[PDB]
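In structure tokens, one chain follows: the form deposited in one PDB entry.
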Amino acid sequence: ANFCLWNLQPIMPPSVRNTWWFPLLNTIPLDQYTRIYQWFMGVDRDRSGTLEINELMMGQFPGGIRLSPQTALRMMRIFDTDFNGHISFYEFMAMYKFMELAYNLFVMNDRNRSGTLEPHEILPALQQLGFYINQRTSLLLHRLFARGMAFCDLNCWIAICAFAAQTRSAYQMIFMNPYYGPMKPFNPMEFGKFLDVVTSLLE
């Protein structure tokens, strides 16, 4: 029963191949490729062969996820790895799989089937996903993204997951500066501390 983003067991331009989220693509079995393409086509309202931010805001996603302008921009920042303002099919496959994983995890953690997680339920769920933050940070993420809501509905969960993932992208961008010395092996306990610190900047 594995949801850890750093441990995804296997079941393309350099921009897609050299991202931290590339292993998501390797969890997609052949039969799912065409199903994801049908989903892509649904979201691509102007049939351009690419997803634009407006289309992200109007799309339906796994589990009925929908995206605020802010979360859609996060999804762009994570998955638009050639920085062209468009999501290609390959970038979308990873975005899709990320959403699917996050949705499945939400459902598993919604044990009373309320359609929400309580704020104290957020930490262990994020830990399953590979984000090793502290309790203070977990409760702050709920306040930051819940828009005043008492609990964490699925869309709020995805907003939170998107911020965590975008912070992972920011980490890779920061640390590929050779000023900081050779790239160290990715360590999720150390990255968790980074996410703790960076989250506090949004408050």
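Here, rigid core means the biggest group of C-alpha atoms that superpose within 1.5 Å across both forms. Only residues modelled in both forms are compared. Residue numbers count along the first chain shown, from 1. What changes on going to the form deposited in another entry:
- Here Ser88 counts as shifted, since its C-alpha moves by at least 2 Å between these two forms after the core is aligned.
- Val43: CA moves 2 Å or more between these two forms after rigid-core fitting.
- Relative to the superposed rigid core, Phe131 undergoes a CA displacement smaller than 2 Å between these two forms.
- Core-superposed comparison between these two forms: residues with C-alpha shifts of 2 Å or more form runs of three or more at 12-18, 35-52, 55-60, 79-89.
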Contents of the next structure:
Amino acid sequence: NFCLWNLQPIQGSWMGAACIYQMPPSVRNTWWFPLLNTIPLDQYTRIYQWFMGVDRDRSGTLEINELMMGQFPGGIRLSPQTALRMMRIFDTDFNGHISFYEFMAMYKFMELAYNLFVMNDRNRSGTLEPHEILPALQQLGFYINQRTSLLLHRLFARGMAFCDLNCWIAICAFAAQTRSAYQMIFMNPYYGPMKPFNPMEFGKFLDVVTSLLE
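Switch over from the form deposited in one PDB entry to the form deposited in another entry, please.
Chain only, nothing else included.
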């Protein structure tokens, strides 16, 4: 339902079966590509309409200041800091621009992360306490240990006691950004033939890397 690594394509997706292979391999081959096939036709049309409207120079890309104008699921408004992390899930060579398919995926990633926060606010307090962060990330497919969980709150909560939607979205941006970093590292053919993605093993990477931000 929420696992980033095995999102089922939906009925009534905006793409027909052959369209998948019309996508450039650049998009096709990415870890986040399955997000695209969970977007229904009407959400696609809406996202497309928006992007064309902000894309005043007709470049086919957004940069961070256009991204921050976005009207995101749950009324999420992006901080500069979080918008940068979000761009960097997709912009892995610091162009400072994302494509339309990358934006589509970012938007659907935000919706999934929103929905997940709401699902986990079982007591309807409107926030997550820091000890609630770990099982929620686990549902998304990020397997971390308790120390990494509590450091994530520290790092991204801007001093607040609990984890509001803004802090959750920053944590999820960082976690996905880190997933793209892992790809970029291990894409390097110096490491030899690439091992398949394993969430348990990735989690150890996320633990070690999160420590470095302290």
